[PDB]
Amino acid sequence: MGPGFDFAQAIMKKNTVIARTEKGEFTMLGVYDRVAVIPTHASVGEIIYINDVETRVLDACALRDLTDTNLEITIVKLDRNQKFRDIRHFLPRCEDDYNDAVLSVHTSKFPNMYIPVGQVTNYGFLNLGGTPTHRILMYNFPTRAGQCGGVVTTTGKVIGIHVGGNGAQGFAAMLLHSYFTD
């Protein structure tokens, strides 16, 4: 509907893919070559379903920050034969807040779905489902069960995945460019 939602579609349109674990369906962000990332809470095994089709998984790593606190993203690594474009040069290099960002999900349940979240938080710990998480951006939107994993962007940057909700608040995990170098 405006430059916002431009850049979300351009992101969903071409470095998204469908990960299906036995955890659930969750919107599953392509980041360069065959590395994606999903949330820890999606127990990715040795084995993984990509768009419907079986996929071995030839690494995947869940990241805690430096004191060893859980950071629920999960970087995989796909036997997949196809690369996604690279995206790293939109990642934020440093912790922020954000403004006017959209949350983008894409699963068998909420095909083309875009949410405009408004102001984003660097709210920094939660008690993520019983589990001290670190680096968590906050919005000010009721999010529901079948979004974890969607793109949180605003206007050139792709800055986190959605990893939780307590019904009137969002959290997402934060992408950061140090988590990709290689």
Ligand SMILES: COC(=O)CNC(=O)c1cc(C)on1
Second form
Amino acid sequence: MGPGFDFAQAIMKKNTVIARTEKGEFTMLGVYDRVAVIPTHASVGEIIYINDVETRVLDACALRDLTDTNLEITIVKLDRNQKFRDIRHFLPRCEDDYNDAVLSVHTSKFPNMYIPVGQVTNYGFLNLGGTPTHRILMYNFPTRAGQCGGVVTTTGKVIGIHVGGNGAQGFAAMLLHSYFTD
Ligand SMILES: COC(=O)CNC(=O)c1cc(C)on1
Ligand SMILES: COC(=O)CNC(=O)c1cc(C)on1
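Moving on from the form solved without the named molecule, please list the structure of the form deposited with the named molecule bound.
Below, the chain from earlier opens the complete complex, with every other chain and molecule after it.
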């Protein structure tokens, strides 16, 4: 409807795939080459389905900060025959707050879904499903089962992936440029 949704759509149409693990179907953001991200609770294994194609996982790493605290981001390298458009220049360098964010989801259950979530708070520490987690972003939307791995954008920036909610607020893990230096 407006430039927030325009940026979000441009990211979904070229930089997302549907990832299936034993723990369900997730929106998965492709970042550069064959490298993508998914929430660590997806429990990526040796094989994953990508748009319903059996795909070998070449490498997967559950990120933690230098306090050895969960970040809830897994970086996956896929044995795929095609590279993602490089979107690393849209990743923030620092932890920050944001206005006017969009959460975008693409699965069999929720195709072409875009949610204007509004203001995003650098919340930081949260107990997420019993797991102490850092760098959590918070927004006041009653997000639901099926939105995990959804992409959080502003106009011009890709700032996080949706990892949970409590029924009133939703929670995302930050994406930082430093995660994807090669
Ligand atoms: C909204 O209430 C909160 O708990 C937010 N916490 C902070 O202020 C905070 C945490 C980190 C890291 O940087 N600022
Ligand atoms: C503050 O309330 C919560 O932490 C709600 N829990 C989740 O969002 C959650 C995510 C996963 C996986 O398992 N539980």
